[PDB]
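In the form solved without the named molecule, a lone chain appears below as structure tokens.
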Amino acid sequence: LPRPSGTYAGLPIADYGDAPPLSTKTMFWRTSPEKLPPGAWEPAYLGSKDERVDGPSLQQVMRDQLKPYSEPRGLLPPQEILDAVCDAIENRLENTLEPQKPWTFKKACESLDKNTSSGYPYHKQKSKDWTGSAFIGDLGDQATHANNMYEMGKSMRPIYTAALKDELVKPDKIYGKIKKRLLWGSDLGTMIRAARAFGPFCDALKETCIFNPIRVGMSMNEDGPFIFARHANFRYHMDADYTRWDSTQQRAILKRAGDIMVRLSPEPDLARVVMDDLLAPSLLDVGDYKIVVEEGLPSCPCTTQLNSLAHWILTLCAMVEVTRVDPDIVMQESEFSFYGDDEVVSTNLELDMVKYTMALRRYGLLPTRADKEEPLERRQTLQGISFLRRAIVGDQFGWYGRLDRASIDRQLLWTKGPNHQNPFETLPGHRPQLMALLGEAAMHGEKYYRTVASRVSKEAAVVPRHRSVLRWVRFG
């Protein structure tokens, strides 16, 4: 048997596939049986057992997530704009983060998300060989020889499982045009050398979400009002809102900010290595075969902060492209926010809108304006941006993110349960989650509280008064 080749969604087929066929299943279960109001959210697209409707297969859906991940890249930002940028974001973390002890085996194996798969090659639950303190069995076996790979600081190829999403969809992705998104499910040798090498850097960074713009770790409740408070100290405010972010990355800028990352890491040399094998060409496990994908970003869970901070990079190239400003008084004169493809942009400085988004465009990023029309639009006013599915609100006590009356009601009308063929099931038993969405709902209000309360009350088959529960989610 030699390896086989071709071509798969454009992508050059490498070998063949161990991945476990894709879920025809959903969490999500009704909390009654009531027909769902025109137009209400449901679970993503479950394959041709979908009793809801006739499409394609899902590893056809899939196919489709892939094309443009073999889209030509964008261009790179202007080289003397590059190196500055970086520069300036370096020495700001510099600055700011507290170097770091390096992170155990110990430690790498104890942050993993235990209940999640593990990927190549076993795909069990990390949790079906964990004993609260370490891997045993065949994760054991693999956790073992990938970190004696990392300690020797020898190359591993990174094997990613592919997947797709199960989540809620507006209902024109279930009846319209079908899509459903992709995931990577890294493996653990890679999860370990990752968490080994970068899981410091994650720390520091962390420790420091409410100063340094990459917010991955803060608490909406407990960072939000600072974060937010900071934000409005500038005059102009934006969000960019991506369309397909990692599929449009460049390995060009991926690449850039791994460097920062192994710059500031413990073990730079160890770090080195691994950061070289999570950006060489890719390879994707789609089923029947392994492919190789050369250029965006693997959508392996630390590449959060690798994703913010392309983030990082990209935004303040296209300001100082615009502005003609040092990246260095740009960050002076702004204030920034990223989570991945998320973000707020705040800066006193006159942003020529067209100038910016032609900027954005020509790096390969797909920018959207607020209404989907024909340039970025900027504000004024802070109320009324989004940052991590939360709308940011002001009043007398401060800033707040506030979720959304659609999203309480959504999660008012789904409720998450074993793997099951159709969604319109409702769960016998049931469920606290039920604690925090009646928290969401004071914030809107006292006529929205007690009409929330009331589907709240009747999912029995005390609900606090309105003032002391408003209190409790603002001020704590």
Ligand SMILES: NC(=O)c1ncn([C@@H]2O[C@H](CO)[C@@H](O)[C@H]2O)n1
The other form holds:
Number of protein chains: 2
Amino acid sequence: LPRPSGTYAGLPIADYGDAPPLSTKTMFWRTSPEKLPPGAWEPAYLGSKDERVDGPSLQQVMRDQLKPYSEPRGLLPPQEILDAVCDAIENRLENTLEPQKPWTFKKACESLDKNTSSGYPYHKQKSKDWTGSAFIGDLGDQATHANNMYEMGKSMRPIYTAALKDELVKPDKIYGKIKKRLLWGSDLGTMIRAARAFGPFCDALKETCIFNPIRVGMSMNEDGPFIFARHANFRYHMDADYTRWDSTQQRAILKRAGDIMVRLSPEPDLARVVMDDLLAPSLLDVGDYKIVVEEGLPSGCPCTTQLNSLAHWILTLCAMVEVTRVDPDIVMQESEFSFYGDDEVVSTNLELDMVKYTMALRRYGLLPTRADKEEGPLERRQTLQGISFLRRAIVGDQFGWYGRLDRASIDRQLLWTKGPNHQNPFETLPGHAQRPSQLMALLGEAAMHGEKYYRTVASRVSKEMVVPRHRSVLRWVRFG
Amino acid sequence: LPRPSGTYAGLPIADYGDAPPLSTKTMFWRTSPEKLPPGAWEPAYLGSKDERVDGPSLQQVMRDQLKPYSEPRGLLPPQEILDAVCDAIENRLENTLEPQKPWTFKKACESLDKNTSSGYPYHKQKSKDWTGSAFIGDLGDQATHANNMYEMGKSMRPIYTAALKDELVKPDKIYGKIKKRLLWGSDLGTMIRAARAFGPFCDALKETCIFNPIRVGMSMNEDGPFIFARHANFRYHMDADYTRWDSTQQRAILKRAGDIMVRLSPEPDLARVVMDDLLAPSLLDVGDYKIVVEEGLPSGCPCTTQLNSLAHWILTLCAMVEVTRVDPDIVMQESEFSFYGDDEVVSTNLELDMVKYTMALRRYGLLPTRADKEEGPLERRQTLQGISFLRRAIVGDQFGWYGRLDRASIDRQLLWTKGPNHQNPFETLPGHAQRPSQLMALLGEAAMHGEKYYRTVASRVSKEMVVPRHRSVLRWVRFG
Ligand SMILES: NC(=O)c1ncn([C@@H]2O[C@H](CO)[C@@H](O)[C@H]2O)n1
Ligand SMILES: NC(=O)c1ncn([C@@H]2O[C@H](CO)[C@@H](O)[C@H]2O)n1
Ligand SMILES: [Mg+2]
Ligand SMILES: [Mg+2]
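Starting from the form solved without the named molecule above, please write out the structure of the form deposited with the named molecule bound.
Full complex below, order starting with the chain above.
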């Protein structure tokens, strides 16, 4: 790790790799031996061992995912606008966030998801070194060292591990041009430091997820109705529907978001050291090599999705301010935003030139796309109905607004179920005894589509009855 | 109690009275010996012993309050409209209310406010016969008999006790034309029966107070923002601001509201017996006599304020349906209502002829009044801002909507404090050690008016410090 030399997928090699091989397995199993409807989604490509198609290696698929990181960046928004929007944003957070006490090492440790990997360098499930209150063994060593560096304000180089997302995808991403989504896996030391540094801010932010636009932490079922009611106070509604959000980010933008997180943290000088590490040119371990990724979002650790949401807030406000020429905090008097990483809903009373708005977005290097996928510009509508958020269509009736999962995704979840990793997606789980709460929730989702549809998906079990009456589950899913 | 003969205050005497004399005391004490600002509110008239003015007897003041009950009633809304709106209303409640289990005698008993009177015939504070889990002694006898009548579906005649409200009033109601507000005090037996009958429905209703328009049970601070956000989804806003709501009610309207409560109750046949008793010509004990009050609202027991809110819903929908000619449930797709007894906010997208709307209201015998108190018709506005609800002005900024208590009422609460009953309102409590949470809440209210105003009312103590910074209490009062 002196200085880089060599190139992989268009990016500089900084070191030999330590990551385990990409997974060739999926967690999805068919729920029935029957034949899939034509055009059905299926688990993403499993690589050379994947019986369904002869395709490239997982590594080559990953190589494709890394291309956008060497694309030239877009332009910075005009400096004066950028400063004004960041100030307005930080100021809104000062007026809303409840000041927090610092997180302990112990709190940082309990916060981590114990079911995912520790990443570099042990790449073991976190629970495997977890007593219930602390990390011991290898993980305990790594945790404790990182924590000492944190308290001394000393810098550590994060090391991320590249992976590919096991998820259902439309058949074309398997039988046409193979595509599978890139994942950044943080290292345990970095997760510890980020958690201690930023946990307080993130908790304060979540408590605020209804009246601030960063919606991370919200309950669709509990908060959706209030949040959507808010959006509906405004005349115009839209969704830029971005392509490649994370890989098109500018670190310079991310650093402005980071500055805000730092200043709003209980231990700002300790949190600066950590943020500077997160945002410095990143080491990504693709297996054979660790490569240097200077640009785009390094999406590994616990609080990046808030960092990303914050960057999104900054950009959206920048574009709106540039076009309408109204002050960032005045725009926020006339608008309601929802952000969750790249996911967005923007509602405003302001009269926005959509051609200019799209061009500004594209100029910052973002890739917004129209619903109909035709050559731009973005459209705006005068009804919230039809826009979506967190994968749920936004619906309004006489009782209020709410998020509804579309019939296709409901159908899909009836066709697949989660289980241990395996090679052949079309295998049926022999367990024939799953889906406790899952099923119930699916009844909930379906009830919201009317009795006709609900009666069909009440099909059914098992392989314990019986079907709750439609009225009853509809009432239960919408109301207290 | 055979049949009526004789007249008191224009109403028929049915029996000799048993009520204690009207109170000559107030619970309010000055917080300081200083002289009141001119025009300051003061506790209502205390009768012949009231040092501040030579005025009539409390009884004569009450006699005046009873006049509206012998006024001829207004017209019933056209039958076809009345049926349609009631059906739409009952139907909305069916789709929203979570079905309930019957209340036990024990549950009915614990629900009662133990700090108020038992009314007829013991007129003792309820706590005085209360073990912590059951009524013993006299109250136990009365409770247990009423409860047996309830379970056998047997009818009892309610007996209400007239009182006059001890509250702060504008000086003119003390030094000009004396006025003091009539109160109906239910009898313990009736409270038991109404509670067992209607408690389930009322609890189911309260759980629903955000997405149904009967707002009884709401928290201004917690629910206000969501509720007001809902209202703000609509274009037009208004408030009929009624005079003498309760005394202008038609029992026939109240019975339609009652029918709905009955059918939506877990023990409908038992609840019918009770509702028929509540709504039958009522015995009101004014001291010397029990008089028969056939019309207006008998506002005694636990659930009348929901009954009254429901009647209000019926009337408002009737007037809107009559004028706009759109179906009651379609009106409820295009509107948001809030009702709390006579207190109302009506928001709609519908294009309402306000002349026709006022005339329809007046025809049902209601007395809506304009903000400026000039000869009608009611106005509508296009902003919610400026309308009030539950005595709090409705305010909206970039964070959302919320209820704010006006500076005058805040000032007032600094000038008076609650204490034991006494004769001279200008006496200062010698206790000089009160107002724990009270003060804090007052800081909250004042913070919402800006730092300038907030700094002044931070005056202050005591007679423990210190003043929380304005930012801090503003944040605490608006947000989580
Ligand atoms: N489309 C969505 O709802 C979503 N979820 C997460 N992210 C953001 O994208 C990153 C990687 O997917 C995360 O860390 C978040 O910042 N976006
Ligand atoms: N103005 C208000 O907010 C209010 N509060 C209560 N009521 C109704 O009026 C009756 C007597 O005041 C109660 O039982 C309720 O039905 N109105
Ligand atoms: Mg969206
Ligand atoms: Mg009002």
